[PDB]
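Single chain ahead, by itself, as C-alpha cells, in the form deposited in one PDB entry.
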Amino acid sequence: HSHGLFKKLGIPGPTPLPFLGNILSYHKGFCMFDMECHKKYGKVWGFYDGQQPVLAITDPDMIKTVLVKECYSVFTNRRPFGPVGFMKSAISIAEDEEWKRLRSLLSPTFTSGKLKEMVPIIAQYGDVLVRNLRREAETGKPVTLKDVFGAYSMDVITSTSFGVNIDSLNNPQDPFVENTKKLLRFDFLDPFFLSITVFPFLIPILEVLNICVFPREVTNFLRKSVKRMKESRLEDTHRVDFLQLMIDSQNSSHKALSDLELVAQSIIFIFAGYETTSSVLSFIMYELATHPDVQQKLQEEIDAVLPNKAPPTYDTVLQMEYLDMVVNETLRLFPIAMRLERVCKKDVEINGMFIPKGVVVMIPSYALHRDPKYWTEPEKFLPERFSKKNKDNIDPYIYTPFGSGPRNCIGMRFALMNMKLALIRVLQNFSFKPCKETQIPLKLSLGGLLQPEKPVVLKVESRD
C-alpha cells in the first residue's frame, strides 16, 4: 500500500481505505468528486484510484508545464485502461516514441486542406439528418436527440472512412452499423473497470485469455472490412476519406503504417468521434431550447451569412461567430472527457511541487470550467463569455475541452466543423423548444461518462 505517499509529500486529499483507496467517493461520479475535492483542498489534492496515486493540479502554469512543456519528456502517456490487445497500437493508447511516430503519420490527415475536401460528404448527411428530423417532427411526438444525432455522427466517421454511405437511422440493421454502433465510450466506474483498477494484476490474466475491452466480434469484422475495402475497391484505381489518406500515406522519418495499425487508428477515430459528437450536439440543442433568445440570434446569424437555406461551406462556417461562441460555451459546461490525465514517467519538480515517478497527474477540466474564481455565474449558459472582445480573458490551460499540448484531440478541427455543419442546417430548417418530458434543469449521470440522467427528448417545429 502506497497510501500515504501524499502526506509524506505534504499534499492534501481524502483518506484512502485499504485496497479500495478512494473509489467509494465515485458514487456521485468523477465530476462531483473533483469539485468537492477542489473546494475542500484548494488548488492541489491527491487521491488513490485503488493503489494508483492520482495528483490533481489547477495551476495554469503547472498544467502548461505538464500538457505542453514537459510532454515528450515526463508527461507523454495516458494511464493504462485495461486488456487492449492489438488496439495498443491506436494513437490514443500508444505510449512514448511509438505514439510520437503515429502522431506524425496522422498529423497531415487532420489538416484544414483535407477537412475542407471532406465538408461536401459531411454536409450531404446534414441534409440526411434534416430530412430524417423532418419526419419525426411532423409525426407530432418528442425527438430523442440521442438517436438522430447518434445516426448523424455514425453516418459521418463511417463515410469519411471510405464510401460506405448509409442512412443508419433508416438502416438500423446494416451490419456495418450494427458493429460500429457498439463502439461506445467506457464508463470507467462500471464494476469491471473499477474491479480492474483495484486489481490491476488481472489485466495480464485477461490478455493471455485473449479478452479485450474492444469487442473482438466488432474489431475482427472491421479488421476484415478495412482489408477487403483497402484492396477489392481501390486497387482498381480515389475518395477523400481518413482510410484513403492512410492508404495513400502507407505508399509515401519513422513511417510504414502496419496494415493492422491502420485498422486500429480507424477503430479509435470512430471510438473518439461517435458518442462524443452525439453527446455534445444534444447538450447544445438543450441549451439552445432552454435559452430561445440564443437559438433565434444563432438562427438569424446563419440566415444572414447563408441567405435562403443556402448550403453550408468551409469558409462560411469560419465567419459565423455566435455559433462558435454557443459551441465553445456548451463545451465549457459539458467537457465530455471530464478529466485530462498524464503519467509521470520519472521523478521531477515543476514550478515548486515535486512529482514522484508512476503518479497520474489529473487536470479536473469539469471543475476548472465551473470554478467561480475564473467564471461569473458558472452554472449560467452565457455564450457572450467567448466574444472576440472577451476571449483574451480566457486562460487556455483552464478551458481544455479538447485538451492542449502535443497530445490534444487530433480531430478537434473536424469535430467542431462536423457539429457546426449539422447545427447550421438543423437550425436552418427547424426550431427546438422545451417539451413536457424535457427535464429542466438537466440532471447529469452519476456514472463515469458525462451524460444526461434521462435522455434529452424535445419538441421540434419546422419554421415554415
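Numbering follows the first chain given and starts at 1. The term rigid core refers to the most C-alpha atoms you can superpose between the two forms while keeping them within 1.5 Å. What changes on going to the form deposited in another entry:
Among the candidates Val343, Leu184, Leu206, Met353, the CA atom that moves 2 angstroms or more between the two forms after core superposition belongs to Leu184 alone. Superposed on the core, the two forms barely differ at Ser104: its CA moves less than 2 Å between the two forms.
Taking 2 Å as the criterion, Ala94 does not count as shifted between the two forms: its C-alpha moves by less than this amount when the rigid core is aligned. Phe221 shows a C-alpha shift of 2 Å or greater between the two forms [criterion: core-superposed Cα displacement of 2 Å].
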The other form holds:
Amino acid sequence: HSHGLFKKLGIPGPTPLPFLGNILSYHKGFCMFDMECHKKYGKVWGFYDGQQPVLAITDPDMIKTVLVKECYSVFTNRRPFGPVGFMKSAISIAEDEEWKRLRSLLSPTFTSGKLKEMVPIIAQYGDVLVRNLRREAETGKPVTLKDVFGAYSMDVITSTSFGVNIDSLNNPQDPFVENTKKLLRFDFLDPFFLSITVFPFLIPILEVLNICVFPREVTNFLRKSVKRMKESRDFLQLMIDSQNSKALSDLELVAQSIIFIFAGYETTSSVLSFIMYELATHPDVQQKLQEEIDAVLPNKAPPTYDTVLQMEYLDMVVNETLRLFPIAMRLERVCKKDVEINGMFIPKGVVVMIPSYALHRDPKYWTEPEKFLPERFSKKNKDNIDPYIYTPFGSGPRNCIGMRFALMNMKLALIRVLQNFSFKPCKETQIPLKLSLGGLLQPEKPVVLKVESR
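Form deposited in one PDB entry done; form deposited in another entry now:
One chain, no partners, no other molecules: that is all that follows.
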C-alpha cells in the first residue's frame, strides 16, 4: 500500500524511494542486502519491493509460526508471480485450496520407497556422467563443471519426469532435447521478473496479451510426449497411476511435470558445482569422503539407495555446502489476514521473508560462518542446530517437495564422480569464489577444475 507502513508500525528498515522502493539496494544482490539489514536493523526489519511491503523475520519461534504453525491459515501462499498463463495449476504457482489439493495429489510421489525405485534410473545416468567427464580428462584441459553437471541434472530430471530415457544429452538432439533446451532457456530471471516487482500492475496486462513464459510450441510438444507415452500403456508414471484411483486433471499433470524440470535443473547443477569447488579448495575433506565412498562401496561399487543413506560424511559435505549456498536465498510467505505472530502485528498483504542466506551465515548460530567446515553436521553437533535457522529446503507444509529426490540425485552423482576422479584447482579457478548478483545464487565464474583418473 503506502510506504509509511513499517514507519507507522515502528519497524526499522531502509528508507524507500517514492516509486522504486528499496530496489536500488539490490545492486549488491539479494544476499548482501539481507545480511546488511540484519547487522544494522537487528532481528526484524522491513523494506519495499517497489510498492510491496516486505517484513523480514529472524526469531526461530516466529519463523516456525509462519512456516509450520500458521501455514494453512495465513501464510499459505507466496508473492504472486508474473504472467503465468496455464501454469496457474503448478504447485509452486497455485494458491490456497488449489495448492492444498495439488500438494496432496503429488505427496505420495516424493516418498522414501517411491524414490528408492528411481535410484536405478538415476544411477545409470551417473555412468554417462563418468564417461563424459573422462572425455575432457583425456584432453588434459581444465574442465568446465557446468557442462558435465548441467548435462547430468538435465538427463536425470527428464527421464524421471517423463520416462523417456534420453541417455546422453551432451550432444544428441532428440526432439525432446530440442524443446527442452529451448524451454530451459526461457528462465533468464532478469527479463520481466525484476521489473515485475516494481510494476505489479503490469502482470494482468501481459496475461491477457497471450504472451507466456514457456512458448506454447514447446508446451504443445510436451503434451504429445505425455499423450504418446500415455498411449503406450517415472514421475509421469506415478501421477498417471494417481489418475486411475477431486481427482487430477491431464492439463494439470503437464504443468506439474514442467515445474520439476525447472526446479531440478540449475539447482542440482549449481549445488554439484558448489560442492566440488569446496572439495577442491579443502582437499582434506575430498580425501576423507573418497575413503568413505570406497569403504561403503569397494572397487567403485554401484551406489545403492540404502548405502547412500549409510554414507554419513557424504551427508555432511552436502549439508555444509547448502549452508554456505542456499540456492533459494530467501523464503517468502504472503500474510493473508491481519495477525499478531509472537508479539508483532503484520497487516494483510505484507510479504514475510526469511533471509536464509543471512541466517546461514549469522555469527550467533555459527562459528567462522564463511569457512567450509563439514564437521558442523557431525553426530555430536547435529542436535544443537535449529531447523528454522538452517532452511536450505525451506520448512513447513510448503517446503521443497523435491528435497529427497534432489539429495539422492546429487549424492548418487558425487559417488561415481569421487570414486573415479580427483579434483584440484587450476590457474583459472576463482579463489575466493564469487557469488552471482542474479536471483538464483550461482558461481559468478563457472567452476574451473582439473580431473584425474585415479
